[PDB]
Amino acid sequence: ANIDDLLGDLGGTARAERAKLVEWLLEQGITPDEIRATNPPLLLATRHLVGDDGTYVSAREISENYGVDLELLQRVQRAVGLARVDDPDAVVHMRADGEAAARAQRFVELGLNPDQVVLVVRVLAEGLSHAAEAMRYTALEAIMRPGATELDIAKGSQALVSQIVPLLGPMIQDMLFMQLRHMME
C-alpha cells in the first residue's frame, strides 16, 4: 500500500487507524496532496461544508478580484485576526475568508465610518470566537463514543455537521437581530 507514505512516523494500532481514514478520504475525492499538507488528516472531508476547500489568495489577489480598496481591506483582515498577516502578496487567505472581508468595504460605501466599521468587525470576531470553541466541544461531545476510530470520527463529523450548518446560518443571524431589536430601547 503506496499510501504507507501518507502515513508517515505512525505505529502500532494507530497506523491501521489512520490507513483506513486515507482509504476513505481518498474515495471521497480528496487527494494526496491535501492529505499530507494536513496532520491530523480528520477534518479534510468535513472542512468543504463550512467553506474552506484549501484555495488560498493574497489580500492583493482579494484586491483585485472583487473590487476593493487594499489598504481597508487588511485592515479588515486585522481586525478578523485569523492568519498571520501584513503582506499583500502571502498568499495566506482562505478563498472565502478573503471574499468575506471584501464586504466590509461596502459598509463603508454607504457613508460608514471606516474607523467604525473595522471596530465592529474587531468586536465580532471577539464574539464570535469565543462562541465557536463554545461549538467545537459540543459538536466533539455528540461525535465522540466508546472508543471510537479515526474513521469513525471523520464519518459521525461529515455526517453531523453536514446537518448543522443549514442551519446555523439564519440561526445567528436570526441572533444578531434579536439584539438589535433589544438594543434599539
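For clarity, a rigid core is taken as the largest C-alpha set superposing within 1.5 Å between two forms. Positions refer to the first chain, counted from 1. What changes on going to the form deposited in another entry:
- For residue 19, the Cα coordinates differ by 2 angstroms or more between these two forms after the core has been superposed.
- Shown in the overlay between these two forms, fitted on the rigid core, is a CA shift at residue 36 of 2 Å or greater.
- Taking 2 Å as the criterion, residue 164 does not count as shifted between these two forms: its C-alpha moves by less than this amount when the rigid core is aligned.
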Second form
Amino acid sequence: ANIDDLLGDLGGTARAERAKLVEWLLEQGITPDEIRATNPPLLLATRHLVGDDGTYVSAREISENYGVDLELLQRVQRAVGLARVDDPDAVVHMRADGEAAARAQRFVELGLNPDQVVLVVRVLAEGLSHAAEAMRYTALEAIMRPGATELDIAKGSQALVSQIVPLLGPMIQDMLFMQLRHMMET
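With the form deposited in one PDB entry done, generate the form deposited in another entry in the same format.
All you get below is the one chain by itself.
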C-alpha cells in the first residue's frame, strides 16, 4: 500500500484503475516521485518516446557539455518558456532540453545577431506550443475508446506514439522548409 499515497483523493472505479495504472508505471521504471509530481500520470510512460529519460542537468553542465555560452543559454531558456528557474547551478533541466537550447550557439557563431536569434526561438516556441496542443488532442482522440481503463490507454499510447514519433521530426522539418521556399519565391 505504498501505492496508496499515489492514488491521492480518488475513489471507487477510478481509484482501482489508477491503482492498475500505477502498478504498471512502476514496472516501467517511473518512480513514486515522478508519479506524484505528474497529474494525471497517464502519459508518464510515453514521455521517454519524446526524449524525456528522467535525467536532469544544470545550465553550467549544459554550457560545458554542449560547448556554449551560459548567458546566451539562459536567454534561450526564457524564450522557450521552460524552467524560469533563473539560478544557473540548479540541476533542473531535462537533458534533451539543454541539448536543444545549446544549438542556439552555432547560429550566433555564424554571425547572426544574438537578439534576433533569441527572437526566432521565441516565435518558433509560440507557434509550436499551439501545434503541440492540437497534436495531443489528436492522439488522445485516437487512443481513447469507450470502456477504456486507464491502463488500456497508457499501453495504447505507447504503441501509437511509438509509431508516430519517427514521422514527426521529418514532418515538422519539411513544413519549415516549405515556408522558407515560399518566402523566397514570395
